[PDB]
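Just one chain is shown here, as structure tokens, and it is the form deposited without N-(2-hydroxyphenyl)acetamide (9KS).
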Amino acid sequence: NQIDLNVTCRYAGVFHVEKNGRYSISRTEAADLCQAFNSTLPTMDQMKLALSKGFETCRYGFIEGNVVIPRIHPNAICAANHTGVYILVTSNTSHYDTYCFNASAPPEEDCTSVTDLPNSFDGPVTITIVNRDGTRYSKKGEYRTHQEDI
């Protein structure tokens, strides 16, 4: 009964979360997951400001209303060489990573570790925050509120 949450640096409060290192989060689970980080799904404008501060990934994830990849450098294997906030237009499938936005984060790049899931609720799951530098924080809890997701 375990879930790993890989988190990135924050850029203007926006960060990327990958559940168990694979595309596996539904749009409902994504909102719950951000809620557990005292965060919301980013708006498009919040994501564009994050991009301008240095945020990019090579992973599709939910924002409010769309599924996107922020890209600074053109890479052929990431969003087909696009730069900017790339918007996924056509897909058969429903599960991706998520982006989250925390308003209480620093205004620019914050590459300090994340060391809590402040708004998770009581539950049976061992939830582990994994930072890119390997540091980890675990707690027992839950964050999924939709039965379809559990």
Second form
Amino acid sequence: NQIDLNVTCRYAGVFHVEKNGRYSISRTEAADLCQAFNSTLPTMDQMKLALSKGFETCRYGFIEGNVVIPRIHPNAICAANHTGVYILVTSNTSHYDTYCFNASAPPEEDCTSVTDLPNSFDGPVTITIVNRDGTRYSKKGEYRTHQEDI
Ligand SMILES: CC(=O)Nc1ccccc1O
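Previous: the form deposited without N-(2-hydroxyphenyl)acetamide (9KS); requested now: the form deposited with N-(2-hydroxyphenyl)acetamide (9KS) bound:
To see the whole picture, the full complex is given below, headed by that same chain.
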């Protein structure tokens, strides 16, 4: 009973979380997941500030109200070569990665690793935070509050 959460640098508190190496998070799960990091789904303004500090990914993820990809450098296979906060307009499907926002993080680029999941609750899952540098933090718990996400 294991969940891997690949996390990134935080940029103005915003970071990306990919679950189990595939697009697999629902919007309800995403809010609960960010809450386990003492975080919330970023607003579009929080995400735009994170973008301005150096944040970009090549994955769709929830923010408050939309599913987006922050892009700095045009890349043909990432958000169709767009720059800025690219908003997904048309999709059949509901599961993506998520972005999270931690107001207590540093104001600009924080590329230290994540070494805790401070607000997860008691549960049976071995949850492993995987950093981009491969360092890991694991803890037994749960973060999902909606049965349909389990
Ligand atoms: C203060 C701070 O940097 N908190 C935080 C941010 C992202 C993931 C886990 C964390 O504990």
